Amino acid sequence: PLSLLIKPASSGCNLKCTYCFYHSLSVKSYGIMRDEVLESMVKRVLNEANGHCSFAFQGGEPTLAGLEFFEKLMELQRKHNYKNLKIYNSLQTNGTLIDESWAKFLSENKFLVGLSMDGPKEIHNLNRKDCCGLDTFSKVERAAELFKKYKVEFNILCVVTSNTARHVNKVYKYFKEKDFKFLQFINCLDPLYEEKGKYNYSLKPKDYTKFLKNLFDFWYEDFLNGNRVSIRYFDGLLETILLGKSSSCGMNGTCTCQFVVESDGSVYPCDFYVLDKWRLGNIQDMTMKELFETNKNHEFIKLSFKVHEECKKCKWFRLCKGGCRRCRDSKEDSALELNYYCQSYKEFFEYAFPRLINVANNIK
């Protein structure tokens, strides 16, 4: 099967989230993806894929490409899916531009949607402000309400900053109040290769430790009271515990090629690494196999197989596996270092492992 991460509005965005290094306003934007580039990609994937394929739309804010772009996508998928493959479409959105038309489209076409929401109003608005400085929380709530009204399948993407670590109670309680049961807490990354921990929002290892421990306590109490809440990190640990492998990139110890496609058709191995040094080629000119077998992609993946010496002697290695490579990549052109959050995982596991096992045993 083939899975692509597409940026149909490139890095363009209507917000300027304080911690965000993905958006163009003080990052290269290639503008909105042209129809001919979109068709070239869709035709290719559906010609080359076996079994099924997946198209994920991110950025940047992908809804800036407009609804017609997405209706064209669906027409092109129908046009070119001559093998009758199952297709999985998804979208990650800031939600601010979602209206009834969008919600109907997303429901009817069975998109899985990730909606970015950092917590209740003040926690969310602290960092997630629009390009004119305005608060955005009410608009994101409006999106969630529309998704609920129109039956859109969605989950929540919450960035974990230092402020999140000081207010796990408020964040957890808010999501619980809204009955959001599918949550993904994303460690806030400082910009690649910059000195770490320098911003007011920076998630330092001690902050992450505090975050993990308290989040786990809330989640486990819910588990004990028969309230199932899905948290992606914990689900991934459970997969590793029960299956020896996780469905989430960054928890299996080595990298994968994610086939990130910019709006000009240029392809990259990972959405953290949309940079000229990791440009694989252009989806209009190269087969997916070709892109995968480029020395740049081979190098990208092979770099990730190096195991730090501490991990070799770590009692948690089989559970942690060294974490995501992006958290090990401290300086350009340099060998990977020990995971930035190593100490956080170690103190979290001491605190939570036995209870994790209990959960693992009760879900078979």
Given for the second form:
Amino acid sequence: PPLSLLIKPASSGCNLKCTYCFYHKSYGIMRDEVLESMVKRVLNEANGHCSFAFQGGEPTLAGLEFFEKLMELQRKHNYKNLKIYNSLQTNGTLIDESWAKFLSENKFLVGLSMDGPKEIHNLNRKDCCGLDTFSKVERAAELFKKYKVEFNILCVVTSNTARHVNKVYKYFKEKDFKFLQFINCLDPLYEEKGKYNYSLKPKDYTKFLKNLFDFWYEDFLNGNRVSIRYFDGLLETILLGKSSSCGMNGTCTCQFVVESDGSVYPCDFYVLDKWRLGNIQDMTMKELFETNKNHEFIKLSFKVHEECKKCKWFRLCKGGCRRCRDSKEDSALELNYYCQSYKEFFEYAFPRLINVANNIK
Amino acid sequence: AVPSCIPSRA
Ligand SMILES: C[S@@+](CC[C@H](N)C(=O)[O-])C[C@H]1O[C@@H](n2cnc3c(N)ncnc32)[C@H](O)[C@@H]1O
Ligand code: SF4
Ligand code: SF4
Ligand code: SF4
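Next up, the form solved in complex with the partner chain. The previous block was the form deposited without the partner chain.
Time for the whole complex; same chain goes first.
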């Protein structure tokens, strides 16, 4: 089968201090021997194609020469002539001409984190000193357009986002950003939910989804296509019965998260000792996947909540992402935290989602 | 299937 990895080449290391972030133990920068062992194993084991996605942490802290070495390894060690996909998620604050050229020439797909216009973005996305970052992220987008880097925007949805969907959507529209991914702001794993100023509560999320869908659909009607990852996945589920977004298919998959020391985990939300599968230097990808830890991680997500069983939306929703059901350590999974939001949203949007699905055949 | 924190096109 193809192989897809999520790599943290600078570990959890980051140059910012975003208020909601729980991703920034740092294993430091991935060493060359780990990088080499990882790239060779993937190219030897994968069939069809493989994908390397660089995340963190701020992955550009690994430095350009790390990524240059990566490309050289891919060039030399792809004995099967697999297709290779590379991608990078970045805060954009360190992007300069050298990065933009590299990313463009090497066909990376880039995800740039931008939470909306200046005020909405800076409220949470602050630097180490507590200062603003929006202008530096705009500069990154500017460099990406200049050098034709393919990029999507990754926007975290906080309570403030829910109150200002008009400003956020209009800003991205003004900037001609056509590929958007809205990520729910999660409270830290196993903490009491909804305790922070930024916390995205179910009633905030319902409001966000309904208003976003309205702006998206009005555009659709007017022939302006805007790709919104969640709505695309619903469309996929409607037309094909499956989605290419993890969290939308009802059960978990092993994401092969590789930390900078080579340790491997099943999902970016669960880089914890109890889910450490082993080390990529010493195990095959098959062996990691077939661990008792991975099998257990996945199988836990197969439990269907009783409310879901009789839910009219079950074939559309599937219970949502396991991370949003995991309220307490080693307690069984609960109903999705956002269950009420999906129900209220589906009642509001489903007729028009079908409308769209028909028109894209 | 990839998670929504990773950039992807459908
Ligand atoms: C933390 S970052 C790592 C890559 C890079 N530092 C960046 O900002 O894009 C990965 C993505 O997850 C998002 N994220 C951070 N904290 C989150 C939370 N509590 N809930 C949901 N998404 C979050 C970030 O905004 C970013 O869009
Ligand atoms: S830039 Fe990314 S990794 Fe860094 S603190 Fe903000 S969300 Fe977290
Ligand atoms: S917790 Fe969510 S994102 Fe992680 S593997 Fe499970 S469904 Fe996918
Ligand atoms: S909307 Fe709620 S009850 Fe229905 S499938 Fe989704 S999580 Fe389950």
